[PDB]
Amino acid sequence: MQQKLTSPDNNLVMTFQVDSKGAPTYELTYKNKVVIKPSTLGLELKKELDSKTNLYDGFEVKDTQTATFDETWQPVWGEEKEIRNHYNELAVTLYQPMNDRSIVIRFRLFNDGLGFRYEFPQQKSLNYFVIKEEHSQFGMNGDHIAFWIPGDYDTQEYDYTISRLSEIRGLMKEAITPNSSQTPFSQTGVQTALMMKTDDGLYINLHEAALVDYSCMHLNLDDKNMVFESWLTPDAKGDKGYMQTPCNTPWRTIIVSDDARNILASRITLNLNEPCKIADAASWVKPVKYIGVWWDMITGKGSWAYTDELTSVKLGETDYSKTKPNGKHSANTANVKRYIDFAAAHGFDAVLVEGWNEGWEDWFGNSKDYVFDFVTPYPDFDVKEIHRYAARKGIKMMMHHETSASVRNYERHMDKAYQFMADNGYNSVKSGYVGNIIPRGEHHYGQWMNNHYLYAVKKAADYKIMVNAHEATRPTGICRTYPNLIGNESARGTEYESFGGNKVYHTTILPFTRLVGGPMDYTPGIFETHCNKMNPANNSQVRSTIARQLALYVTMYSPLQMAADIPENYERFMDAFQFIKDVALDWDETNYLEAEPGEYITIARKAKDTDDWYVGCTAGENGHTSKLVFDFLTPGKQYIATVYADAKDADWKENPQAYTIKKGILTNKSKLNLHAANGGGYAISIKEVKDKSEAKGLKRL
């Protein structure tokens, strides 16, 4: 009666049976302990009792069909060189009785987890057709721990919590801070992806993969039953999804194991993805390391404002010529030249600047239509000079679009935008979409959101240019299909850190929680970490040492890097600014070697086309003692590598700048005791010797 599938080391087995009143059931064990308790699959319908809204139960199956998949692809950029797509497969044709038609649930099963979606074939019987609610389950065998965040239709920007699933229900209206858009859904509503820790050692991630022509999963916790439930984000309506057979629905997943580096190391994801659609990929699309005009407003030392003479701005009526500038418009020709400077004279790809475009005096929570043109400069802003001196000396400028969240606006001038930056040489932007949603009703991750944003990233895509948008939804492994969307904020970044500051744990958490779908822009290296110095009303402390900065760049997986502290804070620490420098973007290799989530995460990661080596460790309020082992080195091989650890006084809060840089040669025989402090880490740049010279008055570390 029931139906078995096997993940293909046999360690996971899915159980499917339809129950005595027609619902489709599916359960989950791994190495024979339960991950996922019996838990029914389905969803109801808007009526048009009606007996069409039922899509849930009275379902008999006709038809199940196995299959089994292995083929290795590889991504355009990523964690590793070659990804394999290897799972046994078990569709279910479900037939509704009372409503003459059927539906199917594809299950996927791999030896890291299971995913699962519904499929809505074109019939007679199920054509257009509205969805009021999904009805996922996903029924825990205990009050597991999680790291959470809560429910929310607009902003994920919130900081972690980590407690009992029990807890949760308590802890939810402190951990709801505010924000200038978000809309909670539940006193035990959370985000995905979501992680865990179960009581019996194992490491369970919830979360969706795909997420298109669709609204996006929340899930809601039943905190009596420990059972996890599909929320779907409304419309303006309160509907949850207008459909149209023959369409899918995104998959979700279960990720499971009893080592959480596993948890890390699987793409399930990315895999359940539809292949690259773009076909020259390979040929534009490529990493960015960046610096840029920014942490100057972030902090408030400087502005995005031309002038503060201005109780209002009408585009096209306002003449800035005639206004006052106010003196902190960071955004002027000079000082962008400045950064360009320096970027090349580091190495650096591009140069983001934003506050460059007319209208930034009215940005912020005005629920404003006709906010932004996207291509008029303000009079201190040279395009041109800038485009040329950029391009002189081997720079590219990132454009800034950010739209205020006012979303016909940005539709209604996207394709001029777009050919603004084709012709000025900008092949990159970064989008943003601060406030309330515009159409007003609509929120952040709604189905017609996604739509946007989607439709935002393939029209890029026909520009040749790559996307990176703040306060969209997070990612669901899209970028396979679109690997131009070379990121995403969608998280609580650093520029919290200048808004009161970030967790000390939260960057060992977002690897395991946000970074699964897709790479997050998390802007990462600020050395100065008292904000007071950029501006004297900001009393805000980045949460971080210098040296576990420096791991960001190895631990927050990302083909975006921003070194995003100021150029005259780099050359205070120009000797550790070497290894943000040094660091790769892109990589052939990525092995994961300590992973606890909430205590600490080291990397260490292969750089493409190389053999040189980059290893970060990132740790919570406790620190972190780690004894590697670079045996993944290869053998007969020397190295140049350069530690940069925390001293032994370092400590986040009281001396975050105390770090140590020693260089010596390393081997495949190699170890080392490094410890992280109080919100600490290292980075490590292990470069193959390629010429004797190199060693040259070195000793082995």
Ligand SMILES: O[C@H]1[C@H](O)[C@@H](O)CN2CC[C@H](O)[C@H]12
Given for the second form:
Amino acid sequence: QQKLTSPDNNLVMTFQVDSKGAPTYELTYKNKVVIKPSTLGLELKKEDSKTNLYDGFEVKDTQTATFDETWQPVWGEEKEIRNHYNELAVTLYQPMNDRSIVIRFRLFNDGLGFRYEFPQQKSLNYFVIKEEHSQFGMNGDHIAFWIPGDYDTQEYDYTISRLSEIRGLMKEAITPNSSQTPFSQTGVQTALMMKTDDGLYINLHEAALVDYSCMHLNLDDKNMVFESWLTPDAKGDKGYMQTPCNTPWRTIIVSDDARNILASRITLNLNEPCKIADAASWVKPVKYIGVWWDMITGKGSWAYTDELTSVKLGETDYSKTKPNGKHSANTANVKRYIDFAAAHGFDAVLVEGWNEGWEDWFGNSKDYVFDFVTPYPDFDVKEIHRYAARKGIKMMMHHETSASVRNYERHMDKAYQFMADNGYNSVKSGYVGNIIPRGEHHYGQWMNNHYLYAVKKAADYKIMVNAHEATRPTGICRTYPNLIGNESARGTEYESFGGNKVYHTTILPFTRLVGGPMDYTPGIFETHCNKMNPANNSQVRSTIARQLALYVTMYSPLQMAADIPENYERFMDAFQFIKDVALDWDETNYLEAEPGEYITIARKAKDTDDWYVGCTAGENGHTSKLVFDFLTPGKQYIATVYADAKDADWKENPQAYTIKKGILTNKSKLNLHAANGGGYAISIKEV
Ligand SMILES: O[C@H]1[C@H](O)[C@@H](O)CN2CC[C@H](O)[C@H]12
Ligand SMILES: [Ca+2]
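And the form solved in complex with the named molecule, for comparison with the form deposited without the named molecule?
Then the entire complex follows, led off by the chain already shown.
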């Protein structure tokens, strides 16, 4: 029986093979069971007994080791991260099949990572995974913060419930989406966040999801045992493997303090070190606005014309079509966004709908849907480039693929060259629609390869990537820091399609943000969409002050101010926080945190002694008693507090805020109240 303990002695991982030769593990935290005894193994696809990789093992060897080194991300929530764990590697031999695997465990002070490894050997070379069976046995009927297991979308509102209640709530939790394949009445996605009755917080996730199929979790509610459930390919199989090869890591992050789930860097720690040698010379954070919300709300169109029932690139002559009067991506309009961006210190402007083919972007399973290089007649690529460069602005490329992946791959070098030739160095991609090649899912091994292929090719071009609808992140950004964003969760766009749950931004940091930043596109000031488009009665579930908080509480090196310029001009005093807030950080201090209820975070701007605070809250609001001793003794600071009015409310009074400017020091105190769906933001600049 094998014992592994964390450096600080608070965590013990016990490993053994049971009487059937099944590898089993368990985990305790400060003498509380976190993981009850749980098995590990896989079942392989038949080319009989060679399909069994789940029992009949015996321990052939074990090796231990300790590691403790620090490293610096190119961008992140702090300057430096410490990677500190005790390790146990267990070689398991299967006499029936004359073959061996290795399970490697790394135990940190804030949780455990394990992976399977398959050494090259006479009897194990090429193999196909039928299913992975990594178990995670819970010690009680925890409260979980979850979205439905789904091979194709993550764009769901979270549900808060007991594990025993998941089955009953799944049907209503799955709302409509143009591409979705739920797999189980008790299937949920990772990262999955839980709170136990005995005072613990537990996050189940994976890290370094590379050359492998995305892991979801299937709950056995007879048992309270969660199990790995991977994403099948077009024929139903779950990964083509070739030794020597590894599974991604599986992680259990645990603490009695919720804030430490946020502080954990286990995910990034388990990724391969940076493989882009000159990354720091060219990867930079980006604050941006865009021609975007117009089409999202329905006020404007991505399409250039309404007269054609369908289009054929290279055949349709758009210069002969009649403009629909609605097309936001036109030169004069883009120049006004360029104007506003330069006036207020933004880095870039995104434009969507610039390229031929948008008339057919949606729902058609169209192969040759875009070419990523040919502009509409009213989009003057060269003039826009000239103007932007004149204002010190960069244009952000848009590559919606409409989920036609072979087509994107065929065009990708030419699309990236086009970007280089015209002064674009960051791209937002998308994958809306069911995947072509048809029969594949968004999160299968096939597509995971494609998203990383796109990022690796971009890096050779010194291009940064932000990919919507891709597989949700698992820390790969350490290895390839030019992956500066994904959506890969329910974003601000759904505030325009009926709204996100009020508590949504109190959960995402605990689940989605684990593994990588999100391009959440915060900053909507006019929260009633009907003012953009009278047919849309959607209302953003936030106050204005809480939108401000999100620049701090939704970590990302890529931050949009998503409203249209007109609306920012109606509230320029509130806008000042968006202009000031930094995007990269030397320090982060998690002040308060409780999933589903509130999160408060102070971050120190990289290479300054300026700090920025944000608070975001759920349906009950939250009262903060803030202490400022992360501030430097003896220094003075100018602090500007942007808070909810005492009458504020997301629904009935979302635009009510106060702005107060005063002096702070590490002796100061502040009582503040985040309203129902509200929050606050503070800039604290050394004098
Ligand atoms: O603007 C984006 C949005 O940010 C993506 O999440 C989904 N989209 C599909 C179409 C268009 O690309 C739109
Ligand atoms: Ca989306």
